[PDB]
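Only one chain is included here, represented as structure tokens and corresponding to the form deposited in one PDB entry.
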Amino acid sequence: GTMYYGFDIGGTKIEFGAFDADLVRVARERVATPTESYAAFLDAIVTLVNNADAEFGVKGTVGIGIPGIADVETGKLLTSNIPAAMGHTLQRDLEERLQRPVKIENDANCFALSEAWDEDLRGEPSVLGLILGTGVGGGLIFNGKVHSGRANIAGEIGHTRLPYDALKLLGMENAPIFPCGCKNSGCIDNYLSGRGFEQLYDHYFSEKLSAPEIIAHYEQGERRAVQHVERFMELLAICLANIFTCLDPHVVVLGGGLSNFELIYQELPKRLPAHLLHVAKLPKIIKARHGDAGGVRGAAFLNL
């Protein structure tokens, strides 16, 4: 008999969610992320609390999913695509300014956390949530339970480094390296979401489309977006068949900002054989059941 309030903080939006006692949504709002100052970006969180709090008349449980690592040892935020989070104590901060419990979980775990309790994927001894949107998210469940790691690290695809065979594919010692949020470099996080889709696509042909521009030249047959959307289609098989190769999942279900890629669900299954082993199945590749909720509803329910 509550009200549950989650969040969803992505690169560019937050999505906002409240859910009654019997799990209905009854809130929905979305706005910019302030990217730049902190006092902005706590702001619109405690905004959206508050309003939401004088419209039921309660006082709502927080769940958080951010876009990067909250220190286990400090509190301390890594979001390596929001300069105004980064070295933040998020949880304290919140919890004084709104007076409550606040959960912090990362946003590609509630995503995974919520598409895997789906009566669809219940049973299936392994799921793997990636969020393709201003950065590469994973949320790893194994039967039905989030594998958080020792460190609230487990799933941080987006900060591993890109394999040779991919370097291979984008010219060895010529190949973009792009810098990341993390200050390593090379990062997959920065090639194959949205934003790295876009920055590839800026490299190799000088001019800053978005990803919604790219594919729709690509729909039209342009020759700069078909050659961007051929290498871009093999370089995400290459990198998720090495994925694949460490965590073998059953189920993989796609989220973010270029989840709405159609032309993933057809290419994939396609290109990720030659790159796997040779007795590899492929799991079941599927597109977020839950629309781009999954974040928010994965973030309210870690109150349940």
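Residue numbers count along the first chain shown, from 1. We call the rigid core whatever largest set of C-alpha positions still superposes within 1.5 Å between the two forms. Compared with the form deposited in another entry:
Once both forms are overlaid on the rigid core, the distance between the two CA positions of residue 149 between these two forms is under 2 angstroms. With the core held fixed, residue 188 shows a CA shift below 2 Å between these two forms.
Can you now output the form deposited in another entry? The one shown was the form deposited in one PDB entry.
Here you get just the chain by itself.
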């Protein structure tokens, strides 16, 4: 009698999934995201919900994942990649049209919640999801529920500054201080992401290589790539140790392009203990399992 719907809103496509009481996906639909019209945007979502409700014979719950946030006070979307919905009160408008509550969360929160509801992680008291891509995105799950935060920006771990011990590793007053898109500076977003991995390589070795090129060189034993990787893994361990001393997560799930670098899962357990408290224990650290289905899954799971 219960169905959970999830929408993942991208700049060009809206993805839809319906999950039964056992969290098995029983419907999948994809429609175009309207480029300009808000009215068309609402219709696309309302239509999907009404059709699914007719199909499954229930009134499904509605969760939506977005590349941005809803302003916690006004309900207006801050989603620059979705011009049709930018500035609009999406939740209120959908609640009125669908006559039921609607939840809207940032895509990184949906990613973490999706991974936290994997059979292997169900019942974990806390899960931290980190996406290491062009930036660092984070999602904090406690007892299977997203912690959104006072202003819907819990998990913005990427916009915390390099800690003293990370600065020390990188040469203190000679460390590279990368400018940040948030307009602060030295945010870890610019060090631990895939882009950060690249920028650190370029800063020290004066050659602009992509992460896969660096990794391929690493595997060939090229000395510059080997030195870069050594520095990167220690830097990652120091920064995550700082984060883990505050959050002490039970499981850490990595997504984004850099989570494909398998060496991470070998090196973190070896390097974290030196930077953690003496009594600390290591979280389980794994690569994301749900991939492209993450956005829809986590959005749906907002209403569990």
